[PDB]
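As a plain string of letters, each chain reads:
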Amino acid sequence: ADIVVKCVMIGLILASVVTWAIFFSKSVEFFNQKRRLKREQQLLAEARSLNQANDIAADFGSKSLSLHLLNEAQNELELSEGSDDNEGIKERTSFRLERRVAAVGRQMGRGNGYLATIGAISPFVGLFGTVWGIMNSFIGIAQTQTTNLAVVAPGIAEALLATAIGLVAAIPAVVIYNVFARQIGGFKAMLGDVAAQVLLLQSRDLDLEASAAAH
Amino acid sequence: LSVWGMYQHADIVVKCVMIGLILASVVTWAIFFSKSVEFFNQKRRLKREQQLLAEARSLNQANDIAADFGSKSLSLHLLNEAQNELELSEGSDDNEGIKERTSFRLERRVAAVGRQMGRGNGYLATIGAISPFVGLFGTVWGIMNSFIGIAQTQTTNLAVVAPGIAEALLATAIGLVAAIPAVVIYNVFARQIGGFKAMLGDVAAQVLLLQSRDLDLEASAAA
Amino acid sequence: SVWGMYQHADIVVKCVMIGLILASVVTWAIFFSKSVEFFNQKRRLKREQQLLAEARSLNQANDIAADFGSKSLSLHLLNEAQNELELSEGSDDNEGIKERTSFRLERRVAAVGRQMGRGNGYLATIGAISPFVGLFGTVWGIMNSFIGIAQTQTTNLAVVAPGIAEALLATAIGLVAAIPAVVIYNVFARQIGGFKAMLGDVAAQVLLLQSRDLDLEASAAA
Amino acid sequence: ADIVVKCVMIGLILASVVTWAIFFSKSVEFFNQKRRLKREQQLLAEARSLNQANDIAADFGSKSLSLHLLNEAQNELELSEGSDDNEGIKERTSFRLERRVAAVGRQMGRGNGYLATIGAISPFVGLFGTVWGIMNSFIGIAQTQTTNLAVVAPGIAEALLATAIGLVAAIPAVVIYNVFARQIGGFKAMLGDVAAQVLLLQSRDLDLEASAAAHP
Amino acid sequence: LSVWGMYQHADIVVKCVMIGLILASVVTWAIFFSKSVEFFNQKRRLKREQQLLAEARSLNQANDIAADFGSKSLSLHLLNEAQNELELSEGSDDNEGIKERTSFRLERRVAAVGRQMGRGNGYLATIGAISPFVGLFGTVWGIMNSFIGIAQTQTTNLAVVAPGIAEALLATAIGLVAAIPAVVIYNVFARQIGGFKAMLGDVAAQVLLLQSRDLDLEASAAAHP
Amino acid sequence: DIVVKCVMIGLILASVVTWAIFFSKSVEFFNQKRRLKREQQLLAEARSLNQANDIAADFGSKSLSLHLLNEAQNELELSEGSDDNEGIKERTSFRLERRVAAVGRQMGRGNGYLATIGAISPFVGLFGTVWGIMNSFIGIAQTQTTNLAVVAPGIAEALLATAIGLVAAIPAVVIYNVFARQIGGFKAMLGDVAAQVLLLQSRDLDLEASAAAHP
Amino acid sequence: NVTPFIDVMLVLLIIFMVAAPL
Amino acid sequence: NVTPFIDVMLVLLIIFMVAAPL
Amino acid sequence: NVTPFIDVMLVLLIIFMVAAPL
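Residue numbers (the UniProt record's numbering), protein chains in the order written: chain C, 19 to 233; chain U, 10 to 232; chain X, 11 to 232; chain P, 19 to 234; chain H, 10 to 234; chain S, 20 to 234; chain G, 19 to 40; chain D, 19 to 40; chain W, 19 to 40.
Chain C on its own, in the form it takes in the complex:
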């Protein structure tokens, strides 16, 4: 019945709206990109040489991140043309693929901290909403000489309901964030399954080259 109750109510409601909006957007985001990563890994698992892996990745599409990994590997081939130190090439390429896997894991992390802050702050605006709902459950009590609580038993009530507006907006999102802490935990390892294999496809094809340069 006062402006602060209404403002904290609409803040809790809009916070829950933004919560479920980011939830259902990033849900199909994670699902589509994880399914694409899984099927592209199952395609790339049959490569025996590096140019064979280029022939496998010739039809993956431009935003295929494993194709970008093979671009990284071909880039470390083409920058280091004319050298005799394959070991420094392998060290730099390992470091680059580490940083690219970490970079993709950072790009997946965007929007998650939004939900983390919302699920962390939603208890605090929720408890303040219970607070000002209690102030309105009150002062009219002692203004109108209310001793019988039966005329203010719906007045008391209902501040509890502001807790109810809190918790569903507050609690599972962090858990969803924790869900999104683990799916990315399933993602970055799965991505990490591929790129160092990109090393191995190089690591043999350099070692099969220099040994071919040995005899």
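Simulated from the structure, these hints should not be mistaken for lab results. A few of these clues could be false.
Said to hold, decoys possible - Sample of chain H residues facing chain W (criterion: CB under 8 Å; computed from the structure): (1) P141; (2) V192; (3) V197; (4) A199.
Said to hold, decoys possible - Okay, the calculated bits of chain S under chain W, using three or more residues with CB under 8 Å as the criterion: (5) 129–142; (6) 194–201.
A virtual CB, placed ideally from N, CA and C, is assigned to each residue, including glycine.
Once you have looked at the hints, place chains U, X, P, H, S, G, D and W on chain C.
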């Protein structure tokens, strides 16, 4: 006073979220009894094949044992990865790079199987987190009725009030049954997955020892 | 109203309320300063990263970074890399060069991450203690309510209305000061984490340029 | 007046005052530490050799802790005279400097746990004397007796005043402890920058000595 | 009025509560005044021996300093562990394994001495745990006796509950008197034992440093002339 | 009241649980405490793993030190012919920390139940009390009395429930803390034993490699 | 922690106590 | 764990409930 | 730190003190 009678004593939102409580509990028990017998069967199969391959002293002997391991036999998959690093690295002089790449692929596959063991466990930790808290929210809607009811009755006594008492007791005794076994089952699943990964790493280290000794004998014959 | 209930105060309610609102003003001012500061720094850093993503040797990176500006942190990283070139003149261990230089980059990225962290020490304290000082103002307001009862010496709900209600108001304003400080602190924590990650990307690029140039120079030496 | 209530009142008062005094003393001394350390690091961030850093730090004072770090590095130079492994020198020196930085950081911790202790234990008493005064209020009103809320309120007010004194003792002690914690953390990181620079100096000169002695 | 007087005016279960509370308080005071001065003497001896061993330049020089440290000199025990790892490694070629084993044993001895410090602190933790509990039991017992005294009579006032409120909140009070200083003593013991373990880590670190110096100089003497 | 008597019996059952856990855990602590101390005192002068087995030949089957030596002998025998001995040391340290943590976990049972009982007990005694207070305020609001004398026995027999909850709660807390400390000291001693085993393997592998260095 | 399960019990005590002055 | 943040809320419910029988 | 274990005890003191004025 029965459970479904107290369910009749409540209203719509706590009805819906107690349905959510019991569905989360049922899927928790279902994931438990599925993954338990799955872990048991895979432990028996891995212990069987480990006691088989503990007698092998060469990689050719390991393939001769592994000729009848099965399609999804993980030790045969490890020997297939080792055979793949044999066949891809044909014509090289750096056996140590072969051993490094082989150990790296075996660490990769042990990590892959350890990730394969933990599919439902994310939902298990999810339920073990949320069960006291969804029990708290179900408590909140199930309790915002005694205010209304005794505002209706003007009667402050027994069975007017006491099914609300038994209603809250039921509404998070279900939360207890959803909360404590979920955490306990997740911790013992973490225990069994850790033991499975330890045994699998032992098997992979055994495969590394077999291929390393055979490559050392080949390099000593080359010298 | 707010100011009428402020007129219902004794001195300590007034002092804790002005402490609450001045801490709130400090919080919002820190936010609106550091927000546009972080936006400008992140914009410049992402732009310079997209510029330096095309460099392939270190002198090419000097050619690109000749116009980045004085406080360009990527140019500062290139200054550190040039310093480690000049201090390694006459040496023969490129691995030690890379160790020293990577270690300096670790320390400098840590230093810039500390440069980002100013004022957050105020923010964590304010967001921590603000519910507690709201509770303290609540306690003093409840004490003023009992002081008003001791002045009136009667038992009445109209007696206990204004002091209890104003302690409730102090409870409200304590949380009003409490919430956005925690908001802004978590916001700036995440943004500084992402900033340090992007700076580490830039320093990784510097290390890759240095490592390619040193290894191709060592390959040309043989 | 109430004897045990007044005793825990003055205990909270003395605890609050010594938190004030610890804040002032550690603030002034640590501020001078920060000023001198930032000045000395801005001086030392330009040398090209360790002996050049000795030439810079000869101008420094006696309790210049960076000069103490250089003394530790010179001690590892002098104890390794006639040695052949430079990596062992670098490992010993790195671990000595980690040890010394940890020792300085624990010397920063002198008295902070008193602050944390008092900020923890403050909301306990105050409520203690509140309970004692409310008990004495019930005893007095019962031996005089009444059935109203009018007579019971001044004892409750005098009781909750002790809880207010407990909160006064509680909150700024926690404030001072956490700001001392994070400013000492930044101090430790700045000292780690300095000792890192010392390690880089000795590493540069060891590597250049090895490169000069490898090719005569 | 007097504590012996209100002890007399209290119920016998409340009497048992109060005597348990004051015995726990007395043993808390006793553990504090014992461990404070014992730990202070240990810290004084440790700082003395560290200021002595700060100038040793070889491990045998450290033995020459440590020949007159005393029986239970823990730094001398650290040097005994180092000499044990010297004597067990006779016939080996890896100095790094020596350093690993010795650092591991000395970290374990630091942990062992730190656990030997903590004898009696969990008594203090248990006291700080259950100090409100028996006092709250006597509190509820006294309020129950108040309602027993109201029920035994046929009238009521505040004069019946006032000795019972006195007993109840007084039992709560002595529960807090047992609670808070036990906590404070546990605070300072935990902190000072942590700093003591840190200083012991400094001393054993210096021991590892000296042994590393002598291993590196022996390797430099053995490798190149 | 029957609900009051039901929570009385619940307090009694939780107390009997506390009794039984104290009995079983205390009789296993008193037996398996000093034996590992005596065996560590014996193995303080082992100086080699074979002489450690010569000391350990009479330790018995249930000697956990003998189980750790079984693990060490297992890692010796499975790794016969291995040139890499540091990997043997790493895998053996992994198995020993796994075994020591497994013993600490398997003897840490029965204690979370104690923590929950010592937490919950005065609270459910409090609700038994406040249900006695229900029957008291029912007597007040139905007999319309301003008299406390006709209603005091309900509140007294009520407060009996909180008293019995405190009775159940105290020994659970005490026994839980002291058994947690005894488990901590037990794990410390067992880690000392496993550390000594690692020292034995390190000494023998280093001296074997040094003997294999020069003939 | 298995400690915060007392909250529903607190709610139950409270919404007992709403009925008792009525 | 981000779970124990309910404690201040518990305190707030309780010190609501101190005022309601008054 | 083994110090913050006093919180459940604080909660127990408080929810004693909810019952005593009733």
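Could you tell me which of the numbered hints above are not met by this structure, giving the numbers in increasing order?
-> Those not satisfied are hints 3 and 6.
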